[PDB]
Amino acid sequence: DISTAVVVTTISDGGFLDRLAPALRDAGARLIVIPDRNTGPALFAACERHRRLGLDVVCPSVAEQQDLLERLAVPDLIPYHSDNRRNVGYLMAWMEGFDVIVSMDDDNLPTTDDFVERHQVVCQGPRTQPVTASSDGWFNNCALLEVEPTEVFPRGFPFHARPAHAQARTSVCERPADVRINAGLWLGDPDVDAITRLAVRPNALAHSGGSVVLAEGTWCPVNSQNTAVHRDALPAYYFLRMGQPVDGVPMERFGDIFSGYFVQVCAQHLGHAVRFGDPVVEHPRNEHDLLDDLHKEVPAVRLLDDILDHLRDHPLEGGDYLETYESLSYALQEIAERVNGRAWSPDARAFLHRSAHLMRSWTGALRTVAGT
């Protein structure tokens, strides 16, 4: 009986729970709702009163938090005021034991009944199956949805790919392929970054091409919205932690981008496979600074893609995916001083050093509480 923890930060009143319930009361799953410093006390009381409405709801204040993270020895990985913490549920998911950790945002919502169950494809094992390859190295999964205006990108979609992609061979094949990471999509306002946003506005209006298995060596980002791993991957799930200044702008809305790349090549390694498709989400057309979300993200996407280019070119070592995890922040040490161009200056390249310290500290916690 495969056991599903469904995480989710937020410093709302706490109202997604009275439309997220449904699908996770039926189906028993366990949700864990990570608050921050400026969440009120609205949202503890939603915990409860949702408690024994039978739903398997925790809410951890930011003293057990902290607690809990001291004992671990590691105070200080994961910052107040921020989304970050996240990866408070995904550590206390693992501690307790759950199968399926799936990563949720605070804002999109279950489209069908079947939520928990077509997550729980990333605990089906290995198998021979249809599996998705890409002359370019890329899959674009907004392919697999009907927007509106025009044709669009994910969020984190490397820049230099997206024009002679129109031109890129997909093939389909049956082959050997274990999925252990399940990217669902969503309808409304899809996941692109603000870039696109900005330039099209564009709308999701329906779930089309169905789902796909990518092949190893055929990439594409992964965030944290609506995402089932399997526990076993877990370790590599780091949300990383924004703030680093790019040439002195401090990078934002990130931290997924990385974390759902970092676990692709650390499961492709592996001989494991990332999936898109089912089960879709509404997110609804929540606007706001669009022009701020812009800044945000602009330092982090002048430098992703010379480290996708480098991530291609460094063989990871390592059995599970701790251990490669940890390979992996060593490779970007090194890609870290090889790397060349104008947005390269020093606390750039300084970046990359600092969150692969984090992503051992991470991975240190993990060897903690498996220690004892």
The other form holds:
4 protein chains.
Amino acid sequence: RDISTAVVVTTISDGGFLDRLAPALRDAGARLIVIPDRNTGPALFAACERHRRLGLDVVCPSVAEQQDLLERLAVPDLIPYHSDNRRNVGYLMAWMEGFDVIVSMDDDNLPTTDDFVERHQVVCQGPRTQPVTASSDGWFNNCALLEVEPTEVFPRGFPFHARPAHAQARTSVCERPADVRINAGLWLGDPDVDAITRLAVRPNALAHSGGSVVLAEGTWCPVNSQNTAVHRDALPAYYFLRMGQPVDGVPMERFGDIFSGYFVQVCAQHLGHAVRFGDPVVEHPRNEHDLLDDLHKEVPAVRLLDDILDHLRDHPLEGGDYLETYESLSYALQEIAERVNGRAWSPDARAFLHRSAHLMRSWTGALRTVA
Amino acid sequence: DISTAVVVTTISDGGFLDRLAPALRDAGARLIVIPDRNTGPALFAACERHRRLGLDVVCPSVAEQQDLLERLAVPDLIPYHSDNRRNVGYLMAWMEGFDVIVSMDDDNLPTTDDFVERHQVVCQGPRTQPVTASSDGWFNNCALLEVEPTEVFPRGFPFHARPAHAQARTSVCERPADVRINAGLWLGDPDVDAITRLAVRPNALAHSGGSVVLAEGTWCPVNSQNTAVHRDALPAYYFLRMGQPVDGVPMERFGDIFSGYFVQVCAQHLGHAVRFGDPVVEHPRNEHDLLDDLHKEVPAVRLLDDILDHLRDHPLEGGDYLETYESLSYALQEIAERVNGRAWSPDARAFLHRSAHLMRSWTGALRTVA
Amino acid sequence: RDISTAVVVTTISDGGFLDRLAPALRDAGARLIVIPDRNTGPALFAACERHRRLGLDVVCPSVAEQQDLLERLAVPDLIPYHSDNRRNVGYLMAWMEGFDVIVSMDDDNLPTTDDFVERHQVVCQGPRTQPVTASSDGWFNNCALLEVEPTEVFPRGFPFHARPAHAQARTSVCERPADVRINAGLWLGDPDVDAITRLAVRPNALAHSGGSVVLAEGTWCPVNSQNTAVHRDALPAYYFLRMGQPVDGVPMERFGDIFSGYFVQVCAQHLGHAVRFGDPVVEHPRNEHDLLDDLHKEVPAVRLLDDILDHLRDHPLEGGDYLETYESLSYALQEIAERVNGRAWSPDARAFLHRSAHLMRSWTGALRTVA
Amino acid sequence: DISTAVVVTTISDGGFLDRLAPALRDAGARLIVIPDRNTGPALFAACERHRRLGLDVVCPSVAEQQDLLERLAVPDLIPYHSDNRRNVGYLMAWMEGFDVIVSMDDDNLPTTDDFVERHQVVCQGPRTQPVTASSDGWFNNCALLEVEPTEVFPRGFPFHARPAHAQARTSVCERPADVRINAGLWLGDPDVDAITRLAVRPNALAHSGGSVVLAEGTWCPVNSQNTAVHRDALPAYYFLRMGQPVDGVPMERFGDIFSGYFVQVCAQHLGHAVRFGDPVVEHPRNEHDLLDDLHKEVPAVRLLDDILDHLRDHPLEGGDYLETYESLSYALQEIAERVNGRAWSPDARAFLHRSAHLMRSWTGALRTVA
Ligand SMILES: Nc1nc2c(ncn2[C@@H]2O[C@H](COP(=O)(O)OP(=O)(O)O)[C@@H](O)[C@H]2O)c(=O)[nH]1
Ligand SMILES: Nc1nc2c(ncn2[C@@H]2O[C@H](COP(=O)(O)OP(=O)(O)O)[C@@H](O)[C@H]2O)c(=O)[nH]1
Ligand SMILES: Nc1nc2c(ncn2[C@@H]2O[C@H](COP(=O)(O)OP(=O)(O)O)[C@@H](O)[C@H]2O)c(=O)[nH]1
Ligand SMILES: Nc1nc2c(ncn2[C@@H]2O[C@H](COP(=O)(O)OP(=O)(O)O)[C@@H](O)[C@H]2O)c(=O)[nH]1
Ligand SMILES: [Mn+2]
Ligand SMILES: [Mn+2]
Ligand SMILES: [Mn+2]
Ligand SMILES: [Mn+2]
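One more: the block was the form solved without guanosine-5'-diphosphate (GDP); return the form deposited with guanosine-5'-diphosphate (GDP) bound.
All chains and molecules follow, beginning with the one already shown.
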């Protein structure tokens, strides 16, 4: 087989997270691509060099090396600094180097099992007739696969309009052909919920009790970039969306992977591919966060997400591969930006989609340059 | 001979009077309905219909309201197209000398026949009674209810205190207390913030914890949905004017959050107390875009924890509620300059300064009629 | 010859301006297209019907008729209501009806001479070797053609960075081939200056003393939509830009024709065509304006205009006609939006260009539908 | 024996002292240089160099400034990274008992040897003298200069009064007056707003109109670039804190526009007057992004006309400048609620309320040292 895996992590830490992250990746021979930023100290580079001598295929390109690559691809202004958007550099590097699997992780996610890399290789099994999970309302709650206290929760990016009636939705499973290209692993401890839910019930994920599922066409669930494997064919549609666009004068943040998770998902289903949820599960002791500041950052995107998701269901895409389908998606977002209505759809909210669509096509143009 | 006046501001057609009048009419209480510019003519016909049925109801037109406010040299204090107009009802009940002022919304219905009698507890006077204290200085009134699917906190409860509140020690002992504010509870949709409602959509099944009187140093937010205020404490119960931007985002839905805390801090300075529990109302809350509620509440939520912490460091002065409320207004202006944090932009600080002026404009009008 | 002219005016007035505007248009047989809005009272329709019986070819389509046409062209959300942007409806109608000349006017511009329509027909003379005016700094001040008190002024939309050194620029005239397709007539009384200049010196235009000029390639001057003739071939690039986009949280306004005037100008010079300034001159008793409110509306666009104009000079366009060249221009604006730098270039400022570019291509798509 | 203290706040390297020290050193005046956090160490070396040459110059570090402001219970009054820090120099000169406080910028250079002597006019006391009045209530000080290419108005002059000002009647007659503020004029780049500078780029060639003393009811903006204030009037000369948003846009560059009008309205209430004319300085203004200046000035320009009109309707109270300035602060809070217009959003009104508190915080600090 010889399935190559590259893990992508962007960080501003001192590199101490490598002590618990390297053994699972070293034993599998996977490559770790660490993306530092301008606000990243020199202790990270020393930590990578130490773990490299311990047998870890780790690379940590300086911002000078990153900017050289991005300048040669005619995209010097695509990826901003002082931002976790720089993980797109690791996406690009792994794709250029021909890795089969690109595993997006954060610097505070720790694998809980020895088969972490092997479980993420499921995005390489190809099309198979397999149990496929469908929902009557078109949504799946991946947090229902976990034991969560003190009450049930939905993942960050799950639409709010669908949450009340989701308990009455019918969940069915049947044997159908499917081609898994995205694998969203779950998380113990602090699950990936939005700031609203974390401020309200402070959820704690005890265990992974529901197994794994593969979602049918028409059944969606948000996908984050914290513990997610993407097959190299689907990576062109996995661009981490640039944040900072104001919605009614309030800049949005923390939703770069909410859009990327839905975008690669809509593109995958158009191409007959599927998204998987379940193992491998990581432990998430989330970084120290001002929850009221997280809330202030997430609300601008939360006010628009339900309308964007509804219009995406009514807009069929075109394309024969992920590059074409992602570009078709960018054009569909611009049409949605002018057709959608609501109090939150101020002129700057509509312009957010138009600028995002340009950046999406700037991302695809860079991939076409190396290809 | 205890007199009660119920204050409700509304833009509805008046249909809520059918289920609200019987409990008020049987007790002989006055209902003061405050219409707005966006209030249709059907409300006035509904008030006239229930008045002939024996209900002491008054519904002053916006012209009569503005004439009264001009005579008190406050023509710009209370805006239109806003539930801030309930302040007009507060003022009228106070001018007419009512003992109890019950603040209600047009979608709260009493569940018992003794609704008015239970709210009269703000007239009992000082006596040694069971008083509830908390080690962290906060009491969760929603813990007095059976709520599904999980425990919630009331709207306006500080967020920094919520995680460690489960480990707080709650104690009760016989101490002198003088109840001047009675916040009645609510079944159905409880008064939680938009954050909690978006997350768990709570449902209040029953009132199971009884009633409590909070000790000095133990606080809990008081809303204006089902709350009796004794006439002495009414000057400090001014409904705060919303619309001030915090980082360019105008705040809303927290006018009674500040008023409930302000009357509470003033009452404890004067040796008075706040009660929580009965009488309980049924709350089928009006339709609400919850994401819009969230957008309206976040600006105030970002400042409330800091404001509450500083209010504990600032001793007040005053011999009555008018003097203590004015002393509070000056305390807010000092806090506005000493507080620090990411959310404390120049417009956030200026929000406290303009609020302080409006508080003293409210007290100035009360001193005019008095 | 038989040169057909259609005058386009959008208004919310009662139609009294027709008493002094109709005779100059009736005597020339030109068509007047009045574009009402939702905030336009019924007295305007009665005024048009009265002048129609007096011999004026005037049409005043209701907003129901306008929305029907725009819906059939698959652009129901392009043109907003309660906005002078609705003059685009008159642009479209005149273009559909095959008029040679489209004269954009406001409801407070009155022709001062009997040859008003004939002078605007200059955009139909075709290519000729004629005196062409060039400037060493690349800018021409059309207000220098007027007698203005109490001091010299620049027109609204003239870049501010070029104003100090413009007095040292060399102006030269020589016989060169040129093809005039846009004719910007001048204005007496209150000239078209920005709110900054009007608040500062309150200029008064006494007379037109400088004659007319035809600008060379590389020499630019802003063109407004108050007294401007556009040949039907160049009209596709004359779309009135939609205002309301925030710049640092402040919505821009009053610059819809500043962008359209520069856009049709850049497109015309790419196609070897030219812009003319001078006669016919109108009288402008400007409507009552809160000058401080005009200032508050214009500053957001003024903060970006100099940078946009500078980058447009460094970006060569493509296209064989105005439709292709305008679409090429829209793509160039999106590249400029990401390359430009400055304190005023917040995320919403950059997104203003991206949404404008989409609306420009939505405009061209509607023209391609009728064509 | 009249003592003069010059107040300059700067972030430069101190090179401006070479052309500023001779006129100040020959007069024995004190120069109080106020550095900021963004001030390099070269300024302190330049002050020490000119001190050995005979100049009475002091340059307190930010630590010494903050220690003094803590002792006066105003640690949060004056922000850093702002020319608002000139208020520290105002305070120090007032504490040290100087008769004349001359407010200057680090790019204003005296053109004559009698610069300090001319500014001493704020010490002459009351006397019958030629006093200039205007029928519209405004005087254009730039009309005292030869300006090209066209006539301009000073920064802070109201815009609604500019068109009809040419028809205003200007008269002069012998009346008692007591000059307490002397605004010296400026050659080169005159003090116009960004609107005027962007439009005509004025150049002031000479001072040709002499000097004038304005009558009661005739106003003209006073800046802090070349202005002497008598120590009695100094309490009302507090440099207003900028940064408050007006419709989400923070205001700047108008701190001395409000201070110049505030000290002026206070002075006339106490029977004192403002003088315009000599001594004139040369102004090679520092580099400025003019479109950025415009963006900073528009928020204040949108409110100034309304504020000035209402200040004429509001009689002040007070026996000295401290009491009159505090009375002015309360007048601003009443205006903030009575004024109407498109630019008067909630944050615009709250701007006046926070400014009023800061004014009383300034006066409270002065009452502490006194
Ligand atoms: N390059 C870069 N990465 C950042 C920056 N700030 C945070 N990150 C990374 O972003 C990743 C995800 O952030 P995290 O706090 O775990 O997200 P959350 O758990 O969903 O709230 C972490 O691995 C951080 O190291 C930054 O300024 N630059
Ligand atoms: N005067 C006035 N009252 C209003 C307006 N809008 C709402 N209200 C009243 O405000 C009261 C409280 O509102 P409500 O929706 O019950 O608040 P919630 O239950 O906490 O979400 C209701 O009784 C309404 O009648 C308005 O525009 N003007
Ligand atoms: N359709 C429409 N036209 C408008 C509206 N407001 C103004 N106009 C028109 O816009 C045109 C130009 O406005 P004008 O005040 O003359 O611009 P200015 O002289 O450059 O300041 C006028 O003919 C107005 O009739 C509106 O709300 N809707
Ligand atoms: N303390 C302090 N002073 C400053 C700062 N920026 C500017 N200044 C001072 O403010 C004074 C007036 O500024 P200036 O550019 O001359 O204003 P203008 O001539 O009206 O445009 C100058 O003397 C500067 O030294 C700052 O960040 N901190
Ligand atoms: Mn994390
Ligand atoms: Mn309610
Ligand atoms: Mn006009
Ligand atoms: Mn200066």
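Positions refer to the first chain, counted from 1. In this text, the rigid core denotes the largest set of C-alpha atoms whose superposition between the two forms falls within 1.5 Å.
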### Query
Which residue moves between the two forms, judged by a Cα shift of 2 Å or more on the rigid core: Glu174, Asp292, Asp76, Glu287?
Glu287
